[PDB]
Amino acid sequence: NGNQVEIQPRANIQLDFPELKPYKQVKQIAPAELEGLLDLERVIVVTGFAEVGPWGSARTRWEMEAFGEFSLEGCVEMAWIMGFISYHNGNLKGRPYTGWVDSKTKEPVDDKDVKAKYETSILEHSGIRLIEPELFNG
Amino acid sequence: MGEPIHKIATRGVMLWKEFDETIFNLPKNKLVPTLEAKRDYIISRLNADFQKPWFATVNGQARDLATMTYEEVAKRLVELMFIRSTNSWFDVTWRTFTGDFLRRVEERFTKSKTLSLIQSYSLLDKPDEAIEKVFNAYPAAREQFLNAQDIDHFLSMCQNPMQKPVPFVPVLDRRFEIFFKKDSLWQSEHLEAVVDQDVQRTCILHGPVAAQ
Amino acid sequence: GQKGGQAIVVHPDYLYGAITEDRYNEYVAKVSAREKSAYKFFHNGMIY
Numbered sequence: 003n004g005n006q007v008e009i010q011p012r013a014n015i016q017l018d019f020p021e022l023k024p025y026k027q028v029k030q031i032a033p034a035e036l037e038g039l040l041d042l043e044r045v046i047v048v049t050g051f052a053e054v055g056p057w058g059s060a061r062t063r064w065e066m067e068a069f070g071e072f073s074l075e076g077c078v079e080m081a082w083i084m085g086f087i088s089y090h091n092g093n094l095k096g097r098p099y100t101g102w103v104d105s106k107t108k109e110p111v112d113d114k115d116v117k118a119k120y121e122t123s124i125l126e127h128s129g130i131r132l133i134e135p136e137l138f139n140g
Numbered sequence: 531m532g533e534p535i536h537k538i539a540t541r542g543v544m545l546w547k548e549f550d551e552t553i554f555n556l557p558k559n560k561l562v563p564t565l566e567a568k569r570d571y572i573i574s575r576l577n578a579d580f581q582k583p584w585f586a587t588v589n590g591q592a593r594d595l596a597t598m599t600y601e602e603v604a605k606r607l608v609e610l611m612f613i614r615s616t617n618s619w620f621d622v623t624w625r626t627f628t629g630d631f632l633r634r635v636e637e638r639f640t641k642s643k644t645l646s647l648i649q650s651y652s653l654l655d656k657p658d659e660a661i662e663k664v665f666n667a668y669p670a671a672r673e674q675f676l677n678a679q680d681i682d683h684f685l686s687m688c689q690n691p692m693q694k695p696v697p698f699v700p701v702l703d704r705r706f707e708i709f710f711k712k713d714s715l716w717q718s719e720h721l722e723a724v725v726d727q728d729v730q731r732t733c734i735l736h737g738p739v740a741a742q
Numbered sequence: 006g007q008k009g010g011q012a013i014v015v016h017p018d019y020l021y022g023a024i025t026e027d028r029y030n031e032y033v034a035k036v037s038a039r040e041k042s043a044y045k046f047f048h049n050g051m052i053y
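Chains as they are written, first to last, in my numbering: chain C, 3 to 140; chain B, 531 to 742; chain R, 6 to 53.
Among the hints, erroneous ones may be present.
[To be verified] Examples of chain R residues lying across from chain B (beta carbon under 7 Å, computed):
1) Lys35
2) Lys41
3) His48
[What the hints assert, rightly or not] List of simulated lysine-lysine pairs, DSS-like, C-alpha gap at most 30 Å:
4) B/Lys537 with B/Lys711
5) C/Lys23 with R/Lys35
6) B/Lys711 with C/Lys108
7) R/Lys41 with C/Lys29
8) C/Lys95 with B/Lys694
9) C/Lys26 with R/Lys8
10) C/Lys95 with B/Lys711
11) B/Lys694 with B/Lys656
12) B/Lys605 with C/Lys106
13) B/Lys537 with C/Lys23
14) B/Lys711 with B/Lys663
15) C/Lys114 with B/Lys537
16) B/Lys568 with R/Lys35
17) B/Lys547 with B/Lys560
18) B/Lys643 with B/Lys605
19) B/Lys560 with C/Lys23
20) C/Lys95 with C/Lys106
21) B/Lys537 with B/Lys547
Derived by calculation from the structure, the hints in this document are not laboratory data. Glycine included, C-beta positions come from ideal geometry on N, C-alpha and C.
Chain C on its own, in the form it takes in the complex:
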């Protein structure tokens, strides 16, 4: 008799802003008498936060803390932080490529392959580990 396209996940890193529930839902949990009771000028709120640490940003550190491993977004963010993957936009080996490439070899790398190619390196050179003289001037 002669002679299905499969779709691959791509890193979509989210800022993880707090979930804003509907007003009735957010009002049910709080007391009914809180409305107008507090001086909001006197209430202090953490509107932003971030960090730089052994596990990259707050997002990657939180992923490693909570789930013990990096998701696709976390692993791609860690590779970008560690310089394993750089972004490229334009002609590359003739054909036009737009996406992550290896920083050293400049070859295209897909978000699927970022984990398989850099998980070991990220784990070995993140977190608590032997002191690296190259990071502390020999």
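Given the structure of chain C, go ahead and fit chains B and R onto it with the hints provided.
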């Protein structure tokens, strides 16, 4: 190339002449700052008077590819490429463009391995249904500005050579003259693929003396 | 140096019970717009 061409004095042709006399004649170093300064005026003129409207326009409000959502981009592509009167895509390359964008949306917003939500581009013959189904599969993309990687991919596949030039200006940059001028002839005979089916947007070549 | 310290962080949703429905709705709309703007800024700055 800068060669003279006689065209009917339409609104689109007058915009062409104004850009020739104020933007395209400038040197390369002056081109980009001028486009940045006159971004709003250029966008308004493209959306009002030219066959290639500013792409990032939602509900008539000027936007940018970065300030547009995936659903908005897909809807804009369907609006500018799919002809409702004929109930078919104007060009198969344009159908492939829109389908590739939807495939990229699915890749961006899928969490793991999954079958493509558009297996064949022939399913795009009902683009409203295809957009509804894919953005129901990935509802997060309805209220989510385009990823910068996706913007770069959109521009690259607008620059794809094996493709009919897109009927809009995606971004104002050094290649704005290319986007503005390339593929400016078929619109005269295919007014059904124009924003308001208006000749004033399109440019028609004609002879000033032979027009008598 | 005996630098003892404590802080207490309460869930943000207990704040939103101290405001009106209209104020909360406009705040939510502003936060949604700001989150979209911050997302595009963050991804642009990350890639470039």
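Hint check:
no. : hint                   : in the structure
1   : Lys35                  : violated, 15 Å
2   : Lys41                  : holds, 5 Å
3   : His48                  : holds, 4 Å
4   : B/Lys537 with B/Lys711 : holds, 13 Å
5   : C/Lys23 with R/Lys35   : holds, 14 Å
6   : B/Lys711 with C/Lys108 : violated, 35 Å
7   : R/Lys41 with C/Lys29   : holds, 26 Å
8   : C/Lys95 with B/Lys694  : holds, 24 Å
9   : C/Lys26 with R/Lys8    : violated, 42 Å
10  : C/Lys95 with B/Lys711  : holds, 29 Å
11  : B/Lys694 with B/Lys656 : holds, 21 Å
12  : B/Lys605 with C/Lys106 : violated, 39 Å
13  : B/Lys537 with C/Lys23  : violated, 58 Å
14  : B/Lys711 with B/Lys663 : violated, 36 Å
15  : C/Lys114 with B/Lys537 : violated, 51 Å
16  : B/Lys568 with R/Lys35  : holds, 28 Å
17  : B/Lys547 with B/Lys560 : holds, 18 Å
18  : B/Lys643 with B/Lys605 : holds, 26 Å
19  : B/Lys560 with C/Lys23  : violated, 49 Å
20  : C/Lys95 with C/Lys106  : holds, 15 Å
21  : B/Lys537 with B/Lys547 : holds, 10 Å
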